[PDB]
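Undergrad: Below, each chain spelled out in residue letters.
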Amino acid sequence: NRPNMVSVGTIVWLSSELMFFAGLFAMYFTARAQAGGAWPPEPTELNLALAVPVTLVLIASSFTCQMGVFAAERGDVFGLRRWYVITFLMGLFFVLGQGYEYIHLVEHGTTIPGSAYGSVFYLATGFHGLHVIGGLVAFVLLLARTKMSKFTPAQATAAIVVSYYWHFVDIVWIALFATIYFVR
Amino acid sequence: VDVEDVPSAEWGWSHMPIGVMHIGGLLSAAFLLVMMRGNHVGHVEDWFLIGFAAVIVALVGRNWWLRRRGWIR
Amino acid sequence: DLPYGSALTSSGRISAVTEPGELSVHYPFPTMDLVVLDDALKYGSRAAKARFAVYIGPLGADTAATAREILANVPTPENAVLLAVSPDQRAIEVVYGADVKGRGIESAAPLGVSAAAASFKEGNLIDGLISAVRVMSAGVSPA
Amino acid sequence: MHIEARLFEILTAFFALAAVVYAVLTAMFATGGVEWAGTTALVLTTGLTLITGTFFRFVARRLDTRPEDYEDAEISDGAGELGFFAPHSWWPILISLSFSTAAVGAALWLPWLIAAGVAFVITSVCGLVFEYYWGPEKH
Amino acid sequence: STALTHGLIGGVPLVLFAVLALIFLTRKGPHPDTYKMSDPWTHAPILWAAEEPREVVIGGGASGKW
Amino acid sequence: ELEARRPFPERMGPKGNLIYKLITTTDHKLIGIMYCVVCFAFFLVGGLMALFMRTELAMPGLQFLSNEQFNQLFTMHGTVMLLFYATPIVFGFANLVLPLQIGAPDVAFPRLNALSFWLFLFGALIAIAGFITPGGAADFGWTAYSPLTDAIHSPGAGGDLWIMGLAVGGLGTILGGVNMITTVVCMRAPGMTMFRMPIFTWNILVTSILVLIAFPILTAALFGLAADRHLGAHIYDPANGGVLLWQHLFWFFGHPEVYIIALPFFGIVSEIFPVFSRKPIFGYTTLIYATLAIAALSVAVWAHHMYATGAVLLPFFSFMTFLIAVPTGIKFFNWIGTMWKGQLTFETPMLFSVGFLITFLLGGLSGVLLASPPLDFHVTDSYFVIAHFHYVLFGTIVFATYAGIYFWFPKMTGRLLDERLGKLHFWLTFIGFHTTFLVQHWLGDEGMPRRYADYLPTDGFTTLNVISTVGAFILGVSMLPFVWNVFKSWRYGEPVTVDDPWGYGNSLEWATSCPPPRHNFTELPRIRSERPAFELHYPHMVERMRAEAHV
Amino acid sequence: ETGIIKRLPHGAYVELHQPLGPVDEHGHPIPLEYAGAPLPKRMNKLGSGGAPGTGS
Ligand code: HEA
Ligand code: HEA
Ligand SMILES: CCCCCCCCCCCCCC(=O)O[C@H](COC(=O)CCCCCCCCCCC)COP(=O)(O)O
Ligand SMILES: CCCCCCCCCCCCC
Ligand SMILES: CCCCCCCCCCCCC
Ligand SMILES: [Ca+2]
Ligand SMILES: [Cu+2]
Ligand SMILES: [Mg+2]
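Protein chains in written order, with the authors' numbering: chain S, 20 to 203; chain P, 28 to 100; chain V, 15 to 157; chain T, 1 to 139; chain U, 2 to 56, 69 to 79; chain R, 10 to 560; chain N, 446 to 501.
For reference, chain S alone in the conformation it holds in the complex:
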């Protein structure tokens, strides 16, 4: 009969977090306008054979995260744990996939000090990867709390607000993925 206080606090903070990514987006666009015709410039060669499967995994993690919310709203703690463990594994795969992309980009001459494109690319995607890592920590902390006490409505609220952050992270990546790999 009353709005969820934790949900309102999380959504309010999630809106503010978007302005942090606004600054990173401004840096990428400012450097893109000064590229001069090459964006990305040589020797940076983005490959979609790896980014696309990595992006699809993160998108699929949102669906399983939503499934855990349905279990949490249903009062099924075991269903919530199964879906959030699966979500954590795919979220971890996203971090490993991004890092594996980072290793090959560095070997081919795309680094933060190497070029202006490397600076904006790594800051924008790296800070998002830090947000993904923070989301994985939230999953572990929330799941550890599931083994401490009985499944209460306040505990179910904590599961919902964590999924809000995960959905926010996934949506931001879609903007980053479309802006970097398609709007060149």
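By construction, these hints were calculated from the structure, which means they are not laboratory data. Each hint can be trusted.
Subject to a maximum C-alpha distance of 35 angstroms in a straight line, what follows is the list of computed DSBU-like cross-link-like pairs (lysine-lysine):
#1 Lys451/N to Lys138/T
#2 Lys288/R to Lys350/R
#3 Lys37/U to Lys432/R
#4 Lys451/N to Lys30/R
#5 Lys288/R to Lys29/U
#6 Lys24/R to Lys451/N
#7 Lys135/V to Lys37/U
#8 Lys30/R to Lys63/V
#9 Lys432/R to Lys29/U
#10 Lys497/R to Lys30/R
#11 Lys37/U to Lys497/R
#12 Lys115/V to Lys24/R
#13 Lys56/V to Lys30/R
#14 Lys138/T to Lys486/N
#15 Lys169/S to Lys138/T
#16 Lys432/R to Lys30/R
#17 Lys497/R to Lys29/U
#18 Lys486/N to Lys24/R
#19 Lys135/V to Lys63/V
#20 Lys78/U to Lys37/U
#21 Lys169/S to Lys490/N
#22 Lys138/T to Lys490/N
#23 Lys24/R to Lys56/V
#24 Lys497/R to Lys63/V
#25 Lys486/N to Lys56/V
#26 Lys56/V to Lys78/U
#27 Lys486/N to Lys166/S
#28 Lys490/N to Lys166/S
#29 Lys138/T to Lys30/R
#30 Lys166/S to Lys138/T
#31 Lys451/N to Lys486/N
#32 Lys497/R to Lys24/R
#33 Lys288/R to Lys432/R
#34 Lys432/R to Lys497/R
#35 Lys29/U to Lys350/R
#36 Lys30/R to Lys486/N
#37 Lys166/S to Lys30/R
Some chain S residues close to chain N (C-beta under 10 angstroms, calculated; not the full set):
#38 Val96
#39 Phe97
#40 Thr165
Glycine is no exception: its CB is placed at the ideal position from the N, C-alpha and C atoms.
Starting from the known structure of chain S, arrange chains P, V, T, U, R and N with the ligands on it as the hints suggest.
TA: Structure of chains P, V, T, U, R and N with the ligands alone, referenced to chain S:
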């Protein structure tokens, strides 16, 4: 000390004489003042010693005066 | 019957106001003198485990029977020692509960009367109360 | 809670208008074309009010009038338990100390101090989250 | 000059502080005037009691007059 | 009807009454008090920095300061005043009365509220800790213009500590803003609708929205600067367009940030004027629209700080900057209308509020002068600019801050500050401020640029600099009476046994004891307007206020 | 202190407390005497959180 000030007054050592803290503070400031005797050629440190010694002396004097007038016990 | 700006709340508490720049207490004594008396009352009661009280006002015609009624307003009146002073009556009524009986108040109560009377002759009301409380509290044991 | 999001929708419309106007006005008769830094900030400033306003719009249409949303509600209408509010906690000062340790390490570029700070933050955040959920000791 | 500059910087704030303090701190505060024995007790009756110790048959009393 | 009372209220709590509370409290009342003491310590610390500069600028030639030390001084002086004093004390007043104003027992997130204080205290200490490094603290100005902040031009660790200290404190501000939005939306008492809240509550809620827009982008910009200095990135490289990239982001943060420390103090005087005028706030409904318009407009006028760069669209920002003056002018007419045909008594909270009106206007009039690019082409980066933000900040974060302190001190402490000492403090502050800041309009117009450590005897700036130096030291000695009043009146001040020491309070905090209990309320009255306490204390005036509300 | 805030019908805000011993007829607990042992301060440490559920 009374149980109103220290609730666990009867469970352990809870009182230190005020004379020990007052004399210790005065000796505290005196040791800071004698440390200006040395081989250092700068005086930035000396002013820091003077300020800390003055603060300690002022605190000791304020506490002693307030206890003498009876405003604090 | 409530004063101006005062209201009775739904919980029974009285929500009062005072005009800006005015005082809500306004006792006709210096602030520092009040602090000394409060310290004498607080620490004197602590040292004797008996609540000491001071009353300043009228005491009817037979002061002794007014003090007796007045002591019923002191919290825990059975373990309380009240000193009543009537400037217009120029008298000193001292009353104590049954719990204080036999703890040395009988020797100290006249001394508190004498201490208060000596300072009252000099035109010192707060000083007389402070002196009376100090001597009476020092003569009462926590037993 | 119909007023709360009406505040954000009103801000959303103005931010959307300013973002569109600034982008168009910088595209034409402005050196360098579209000024990307301000345009990006204005566009995502609209996003901030849009997400909060949309959420408040969905919450408002679900639940009926609250006692604080009534134009003539009684104090007794709000009787009942409000919720859980933490009485005391020394974890928040530990979280800030943990975060300040990492910031100092990042300021002076000490990777060991950064690693210690990150580990301290995780432990401090874990204590805050688990503070009111730890069970009794089992022996 | 240089002596006048240091005189104004150190002198005017102290002179202004003294003048303004004499204007305001010499005024009468809202505190009531101390009661005098020669004057009648026109104040409301006052009952003061200590809060200690933390929480009606009389045991006796005494008389007195000054 | 004899009720036993102590001869005097307890001066201080027993041994151990505070130290464990300070590190474990979740009470907004104690936390709000903790924000005032620390913010007032930082204000004293930063004021000493200005005294050093102002003494140095009294005479031509470097008497005791170097160029580097002077450059570090105005950077840190400005950082402490803007981010370590003004921004936190906004939440200082929020934790004091906002839960009381909406009839709430606590903030939405008590532990997150405590986290903001410590994040803010340790973040401020990190930035100030640059002064203990051999190189010194940051010396590129609080604006931190690029590429002056690059590792090539600012290699010292003082700048790095400045960047990281701001990031930690900015996180606390964001969390505090999140707490205040949630508290207003969810913790309102029954019958307290959105359009019945006090103006101060409205201002804080709207300000917290501005925090969520300005501070995250500042954190993003600072992290990009940290990447350049430590990872060798090219975010703010001039060849990459980073000169204007830093300015755009920093001013998109900065100008919404100065209304974060303007609107709440607009709300403070909006609470004080009706109380001492014995009349309801004039245009209560319109003041909310004015605040909302000011908040909305402040987000798209950032580039008027970049007129002289020759790289911004002048007509767009010049026009919208002119638009801000309209809602701000509306607030003056409501404040004057509130005082109009009232019964003014001019106590210390009211006296400081009147000083706000006089001081804020002159700084505001200089604002429209600066808003025009042609006039700003001569006075930008000069002491005329210094005169604008000093008249217009001083009124809000000092005059209204002191007005709120005097207004709410009996509420949060149960003791009244001395009025005679308060009047001396107000007049000393007013005279010193005007003496030290009136002549700076002439200095900037004459040709004296800002951020100069030294000038020449033939420049013609000596006489006005001496006058400004005399006034600044009056502001320094104006500090002693207020500190003495707070120190003495906190234990020996006049006791407050009533709910409303000012008689005609309107908001809900005046319907509770002084100080309020742990959960702020032992009862609540019927809420039917924006003056519930006035209705509770004066039931007979309820009919009159409804009948006479419209002119 | 259980951390649960309750609003009374007349508007009072009170926090629910868990007594560690006998209570009065009014409901307020009888004050207990310190015995040199640690005292609980969190309801979850007293078993109020229960158990999640037996299983993997
Ligand atoms: C926001 C609030 C704010 C406040 C309150 C002030 C307060 C004062 N400031 Fe301002 N200032 C700024 C905000 C503020 N400032 C900003 C944003 C800048 C930008 C700088 C930049 O370009 O980066 C600035 C820069 C600035 C300049 C420009 C200097 C230059 O560019 O060269 C000057 C010029 O004199 C100035 C002077 C003063 C003076 C005399 C006070 C008076 O308030 C000071 C008097 C106050 C005191 C508190 C005196 C202290 C007295 C004591 C007794 C202390 C004792 C304490 C101990 C012993 C511990 N400051
Ligand atoms: C409290 C903080 C605060 C507030 C409230 C303001 C309010 C305003 N400011 Fe600003 N400003 C600063 C803090 C503030 N400012 C700071 C800190 C800087 C410099 C930062 C730095 O460089 O470090 C700055 C610098 C700054 C500049 C850039 C100067 C430069 O560097 O060249 C400009 C230019 O447009 C500007 C204009 C305005 C205007 C038009 C208002 C308006 O909001 C004011 C409008 C108010 C009135 C007009 C009075 C009321 C109106 C009426 C009674 C009706 C009258 C109508 C007319 C005259 C048309 N100020
Ligand atoms: C990092 C491990 C990842 C494992 C992959 C699967 C993800 C889900 C893990 C669930 C763990 C459940 C543990 C549990 O319930 O124990 C609970 C207690 O756990 C803790 O207190 C600590 C948990 C671990 C903290 C993690 C900190 C660092 C996070 C790093 C993130 C990368 C059970 O407590 P109990 O005694 O039963 O009350
Ligand atoms: C309280 C008002 C103070 C006004 C100070 C300004 C004085 C200006 C004098 C200029 C003299 C030039 C030679
Ligand atoms: C809004 C602009 C205000 C200008 C104030 C000027 C102060 C007078 C200075 C006189 C200097 C004479 C040399
Ligand atoms: Ca000089
Ligand atoms: Cu501006
Ligand atoms: Mg400039």
